[PDB]
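What follows is one chain in structure tokens, specifically the form deposited without 5-oxohexanoic acid.
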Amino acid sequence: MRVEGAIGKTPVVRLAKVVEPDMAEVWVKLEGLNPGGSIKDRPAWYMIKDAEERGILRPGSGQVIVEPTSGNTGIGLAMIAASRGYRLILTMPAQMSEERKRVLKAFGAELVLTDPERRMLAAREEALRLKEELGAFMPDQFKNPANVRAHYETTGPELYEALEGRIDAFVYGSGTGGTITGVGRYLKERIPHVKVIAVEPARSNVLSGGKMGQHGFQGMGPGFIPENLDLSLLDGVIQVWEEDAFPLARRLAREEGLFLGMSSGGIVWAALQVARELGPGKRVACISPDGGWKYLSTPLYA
């Protein structure tokens, strides 16, 4: 078996200290236990495997893959490209932290640093330029249906089975929209009453009708509504503040032994709010995108 085969089948733990007796049960699926360190291993593998199935790619070819990302998707793609023999080029703003660059380069990804003033826009442009110049494959994480399918076929089934089909609400901090859409559809097809609640940064609350903005929940809240996010599935949107989520993340680490990422703090905080609303006999499920390992030099744990 190769590393891509070690993706998924992650555990779900029930919170016991940060919750209160008047709250519904709160379960957290730990996606940080994936070989690539995050939930993005799933869509990274699926988008590449989907491309192979469609004939766009064939493993061990050395073909080029390009994507404008320096986040978990970049790490996941880098891992898969290293394992299956693809040349990966990742475009990103020149102000990228050395720590993250080292992780990507460790996997053999080639990095193209773009105009720091043009932020994501310049990264996207360079990725498109390379796709055109090299005839490369661009996963296109925000609009590729295979992203959603990864969660519809693996994440969703896993969560449903682990919790024995007993879930009253699913809470998640949306990034590309793949997870909430894939898991959301899977759960709604089987649980008539289940509520699907999206979580976003109050500082970049576009789903709530607000405005995009800079925030500290790395990995979630892209500042726009992605094509992979099915808005018709949502039963609500909860806005979260770093001021509330970071202290909660620290509590999870010290009280539950759960050392999670920045987005996890926001997601669990929202899940707790939902848990109090539903009450004692209910079950709230949410997902932790990644662990705290990549964030020791951030205000969350610094």
Second form
There are 2 protein chains.
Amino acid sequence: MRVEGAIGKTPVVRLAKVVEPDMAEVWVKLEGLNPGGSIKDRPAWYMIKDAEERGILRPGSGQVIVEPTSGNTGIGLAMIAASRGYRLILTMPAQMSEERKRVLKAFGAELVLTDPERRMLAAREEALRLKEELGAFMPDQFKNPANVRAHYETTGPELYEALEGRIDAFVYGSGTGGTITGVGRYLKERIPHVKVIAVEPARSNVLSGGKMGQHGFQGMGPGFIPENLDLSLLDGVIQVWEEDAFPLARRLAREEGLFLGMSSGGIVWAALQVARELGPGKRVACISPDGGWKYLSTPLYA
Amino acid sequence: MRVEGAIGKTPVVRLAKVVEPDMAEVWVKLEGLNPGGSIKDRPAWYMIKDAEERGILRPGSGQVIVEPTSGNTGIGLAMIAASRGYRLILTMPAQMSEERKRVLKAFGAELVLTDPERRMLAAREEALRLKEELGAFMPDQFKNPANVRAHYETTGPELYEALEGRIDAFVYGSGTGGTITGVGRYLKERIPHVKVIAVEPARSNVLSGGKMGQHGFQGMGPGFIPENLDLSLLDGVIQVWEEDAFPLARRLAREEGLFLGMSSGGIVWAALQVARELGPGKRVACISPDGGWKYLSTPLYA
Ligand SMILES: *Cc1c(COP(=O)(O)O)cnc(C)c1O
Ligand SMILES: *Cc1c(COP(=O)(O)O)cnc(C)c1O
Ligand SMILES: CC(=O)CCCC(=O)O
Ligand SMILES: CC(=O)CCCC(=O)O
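Could you give the coordinates for the form deposited with 5-oxohexanoic acid bound, as opposed to the form deposited without 5-oxohexanoic acid above?
Complete assembly follows, chain above in first position.
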């Protein structure tokens, strides 16, 4: 079995200290336990695997893959690219941590820095150009149906099976929209009354009607509605503030022994609120995108 | 399920690019995918669990626990102490990464930095001094049989089960000696011809007859023979040099998508030497204690 085969089958834990007596049960799936350290392993592998299936990519060819990403997707892709013999090129703002660059380079990925002023736009522009020049494959994580497909085929099934189908609400901090759509559809088909609740930064509450803005929940709250996010699935949206979430992430590490990432703090915080709403005899499920290792420099853990 | 319950059940992959055609199959169990990020999660839980079983510790008591460690053991214990409500104190050289201190403190552990020049010697003395003035419990990872029992009860079964009981040689870079002993006994009770081969830094070849010395394989090579190490299980000892292991560690990440730790580089290297001696058809299994994440600022990945 290759590294990709080790993707998924992550455990789920039930919170026992940060919950309150009248709360519904709260379960968290630890995606930080994937080979690449995050939930992106799934989408990364599926977008490339799908590309192979369609005859766009040929394994061990050295073919070029390019994607504009400054987060876990770049890591997921670098890991997969390294395994299947692909030449990966990632575009990103120069403000990128002199820490995150090292891991990406460790997998042999090529990093192309872009105007820190233009940001996401410049990164995408450069990636598109490279796509054209090198005739490379571009995942395009926000529009790629294979992103959703990964969670519809693995993440969803895993969560449903591990929780014996006893799920009243599913909570997630949407980023590319793939996880909530993927898991969302899967659970809906079998638990039609299940409530799918999205979570977004209060400071960039585009799903609530608000407007884009800076926020510290790395990995989620893109500042717009991506093509991969199916709104029809949502039964509500919870806005989370760094002021409440970070302290909670600290309680999680300290009291539950769960050292999770920034997006996790907001997501679990949301799950907790949904848990108060539903009450005893109900089970709320959510997902921890990644661990707290890559955020030791943020005020969340400094 | 609590965090401690999400420990283990780690995947095992087969190398496909770094091996040669005249080599036996080479399988690697990824212990970096445990909640605490390393193989230590197991002995950490077992030593604590054993203490609770014997009535030395009651969960949520806030009872003080002390242990000298500048590696993964401190992290696993930190996670467990946080999960079960215990007050952990760790002693270690003052050098210590600042991020490494941040992760331990994220779990609420307390740190005591000792004399850098005298390495673990100073930490050990400072930990004993604390056990004496506070009446604290001390895991004592090098002498505690629970360390061993953890691998004899989970790691071993997992590996045997995952490889269809087909294992010709098991290779491992002994640290506390718990893993090679625990897994070793397990395998040698079910596979009459299985060869258990220990691995140690050439620069601290205590098992080979040489004397202890400074080396870069963090996590293994204590520079002495620990109680937990059952020498009667060994069928050989391979010495490894960083000049060999590190380049390979780099190759594993770039060619197999396996971003592993320093000790993993030396262990895998030794595994290939065995894989070649045994020849094709045969199966060699070894274990990757942890991932590359914590070593991005070391000459291994910087
Ligand atoms: C990808 C990611 C998310 C969001 O999941 P999507 O499937 O992209 O909606 C949240 N947090 C982190 C840290 C992520 O990497
Ligand atoms: C603990 C450890 C080892 C050695 O395993 P033992 O079970 O202690 O023999 C090797 N490498 C790393 C990184 C470790 O943390
Ligand atoms: C909503 C996001 O910012 C997603 C980032 C996804 C990534 O590139 O890891
Ligand atoms: C033999 C060792 O160096 C062991 C290190 C185990 C520890 O992380 O404390």
